[PDB]
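Heads up, the chain below is alone and in the form deposited in one PDB entry; it's given as structure tokens.
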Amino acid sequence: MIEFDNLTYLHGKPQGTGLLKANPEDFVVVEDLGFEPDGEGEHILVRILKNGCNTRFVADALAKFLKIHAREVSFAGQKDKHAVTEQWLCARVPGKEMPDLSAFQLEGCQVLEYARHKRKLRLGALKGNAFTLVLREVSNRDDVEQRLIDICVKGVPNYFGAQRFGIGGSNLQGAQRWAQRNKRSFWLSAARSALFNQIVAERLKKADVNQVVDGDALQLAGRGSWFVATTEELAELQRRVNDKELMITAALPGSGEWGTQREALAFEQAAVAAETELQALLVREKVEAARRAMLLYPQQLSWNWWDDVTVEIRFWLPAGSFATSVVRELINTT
């Protein structure tokens, strides 16, 4: 298996270093539901700024303040103390009164806004996240500037970041050992994600990383739907890919059809051909194969150098894409 650090670079490996997330204020994430609260219904959505604790800790304290059971507070995913997050929480409190959520106090947290909403927030349901990060001790400004320019144009690889593989690589290691419930889920997720990263690393070795081939699975920008390239539509499909209307995808292997056909499917199979044990694990466990865009086009990418060795970068990414995957193409952090 290709190691994370050896994953192919779109812009080539950076010619300089810096510091990411040196303090929580250098890494600010604003969650994006994709909608405004209904303004009615049995749930209270509450946007809380948090700095210095995890998502479960705040949700426990919100439960207690509302005098409801802990299970009645839900969110998108659990986020540690190492970044600043404006995170959405969701409390079931029947009726049509509004509790004074502005009087809820907890160290390092701020209640920002709240409103009723009809449906529960569930794990993984965000549209995306808007990031504000400060990269410090940047060794090569000229290199980072050019890379930012080139990212506007070409994007970055849409890799799963190191976080997906658990601390120390443990989730992938666990997958590899098992291929010979919370843990089960993390292991399967690591396995399929590692395979996706590998197929992208291989595809990036082609002369033209955005060349559409016959059988490719092309996804519409900004949603899940995808369809299969054919030879007679290729010049037209190529144009749409070049114009960032369509996204060439790579497999998340699993049971059923991976979704590519003909030459593209042969390529995806060959790219992970030695990984028969992880493939069989996923099939056995009925983890349906899926598609994921190969590239990532950070939205509203903006930046500002405060001096020759400090830059503040902003962008928005869809749910399931990583800020570290953008930063991997700017600076070396190992």
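Take the two forms, find the largest set of C-alpha atoms that superpose within 1.5 Å, and that set is the rigid core. Numbering follows the first chain given and starts at 1. Compared with the form deposited in another entry:
In a core superposition between the two forms, the Cα of 38 is the only one among 277, 308, 38, 288 shifting by 2 Å or more.
Comparing the forms between the two forms, the C-alpha position of residue 241 differs by less than 2 angstroms, with the core used for superposition. Superposed on the core, the two forms barely differ at residue 266: its CA moves less than 2 Å between the two forms. Core-aligned CA deviation for residue 208 between the two forms: less than 2 Å.
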Second form
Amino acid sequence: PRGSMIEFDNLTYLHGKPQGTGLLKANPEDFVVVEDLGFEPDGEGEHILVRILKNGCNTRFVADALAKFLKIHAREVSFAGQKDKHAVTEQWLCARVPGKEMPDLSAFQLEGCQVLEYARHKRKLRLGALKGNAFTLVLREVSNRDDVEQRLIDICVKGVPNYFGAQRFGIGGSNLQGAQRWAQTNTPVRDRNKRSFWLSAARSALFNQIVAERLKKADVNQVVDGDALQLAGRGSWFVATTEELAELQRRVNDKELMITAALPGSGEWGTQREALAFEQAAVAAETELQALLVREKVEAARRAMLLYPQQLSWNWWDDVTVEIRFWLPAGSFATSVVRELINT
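Having seen the form deposited in one PDB entry, can you show the form deposited in another entry?
Keep in mind that what follows is only the chain, not its partners or any molecules around it.
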């Protein structure tokens, strides 16, 4: 059975493959993540926002525990996003518990999880409904400090490819594999979760591939006729035209606009003419995955090709250990930044 599609480790680099190695997440304390909702709990509402700090367990696990403690169905507990199990993460959970009474969540004890705050909120917390995350990482046993230092400087200026991290395609890549097999047939998928995982890996893999192809051009950030340019910090995007190229390039160079790559699916991809031809050619061989996404009615969307870590700063503890801090928008991965610093 001949397999596929550019593999993750073969994805193009913006600053070239690093000339050094290092350790990522040697200890959970070396990977701290603080969720950034973008809003404060209202202080009223039928929902209860619970801010927790965890270590050594996934979000759903703590969510199920929270549900049990409040004597409510696991379905009554949601969250903004999945936080790494092997790391120190802080995030919000949301449980629907209507009423004027506020349950004593300070009694909720669970190994590898500390409650830090809880208050009522009107609307339920939905997946993907967060602003971003603040990261504090420590890279250990850095074999080439000068290479890493130089890369951190270049990242501050040019950024890094906004790839979906390896964690997006399932353990061992099962999600992408399963998505591929399912696309080779017409056998519908029962399990709602198994279906979402697969559809997500498919579109994510295609996005990464389009970006990897675009990075093979002479000028990676060159705006071309028909590009879908997204305003920095938000979803709104528009189509570029030959007539406006000069001014558009300036905004893109100034990081006001973001060249985007397609997130394949039903409907139109967004790009037009030249740019559209490019994206279609970049994944021309993936007719099967493309067709799968279309039949499952997963609307095509736009995603920034590049990623500019915010408030990027770093400190070297010694010639082989660095602490790095930065904030990333929702949907971007810290591993996409680290990929351009060291090889793991």
